[PDB]
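Shown below, as structure tokens, is a lone chain in the form deposited in one PDB entry; questions about how it binds or moves come after it.
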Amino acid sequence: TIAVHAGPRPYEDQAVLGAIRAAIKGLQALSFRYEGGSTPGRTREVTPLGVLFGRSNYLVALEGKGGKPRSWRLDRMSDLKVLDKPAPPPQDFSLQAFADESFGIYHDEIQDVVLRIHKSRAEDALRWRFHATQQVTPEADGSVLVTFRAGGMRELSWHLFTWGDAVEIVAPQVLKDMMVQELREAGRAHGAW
């Protein structure tokens, strides 16, 4: 296409990344050797559904007969082949559907997030999509209250940092602690205080 993804990203091995699309456009299956998970290093078979690019590149897929929608890290993968073998996708499987029942994390258990964005970036708050299932509430002081139910507290905290002092983390406590700890860590190394 005529689009390019700007910004930092993980490095690519398009050799292996070209092998996965070879079986979703043929509705076939794949198989690799994992380097993680509950079984350390076996070779395993899997039905492909999609890839999610992030600061870690994943691969949504179920194993063999039946399965569970879970995504394998492409860094901890070993030697795939486009099985000669068919494996059609579940019909109602949206790939965005995987991507929103958490955040830039997966399965880190879901939290009721409450943010207060001051006036200054209130209009910026309305425009911004923190999570699909979000609700923005105006307040009497022109600040706006942003609440949504999501995972990925760490990524969230990284993103809130870019809002600077326009955000006020109201809930949950794990997010406050997440942010403070991260600010203390970075603030020491770069000499902020």
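Numbering follows the first chain given and starts at 1. Compared with the form deposited in another entry:
Figure legend: rigid-body motion between the two forms; of the candidates 105, 147, 132, 52, the hinge maps to 105. Hinge motion between the two forms is captured by two rigid parts, the smaller swinging by 21° against the larger on C-alpha superposition.
Could the form deposited in another entry be shown next, to go alongside the form deposited in one PDB entry?
Below: the lone chain, stripped of partners and molecules.
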């Protein structure tokens, strides 16, 4: 290996990733049993397109000809088979575009987020991708205003924790409340207050 992603992650089945990689390399179809969705236990045949890594891992793939790309949980897939069948990917397809535009459900209300990053971290703010669609505005005093529209306030508050005292939550109020809730939960657990 010459590139490594540092840090914690879900355990991954290497044989599953291996079959996915082999199918993509071969421009071949991939089949698997899927314990989930509409029809659990059914064998699915897909054009594999790539993998999304995160707190959970997903295969990105089209089912059927003309099918739209979907995400499938790796840890719900079994019985992977690399098929003797061609499956060339669409020329148009962008995995990152997929990850932004057609991936990720919010189960909380979407908010207009406004963050002010203190000038001591303005460097990091100006190179940071909070969201595929964000606006970053340097301000007179050296601070940086970051705005984007998104749900996921709890996960966002977890990320904001890594900026320490250098981020001010300007809006929305629910994000301020979330950040206090998560801080109070951990602060009580660990004896901070």
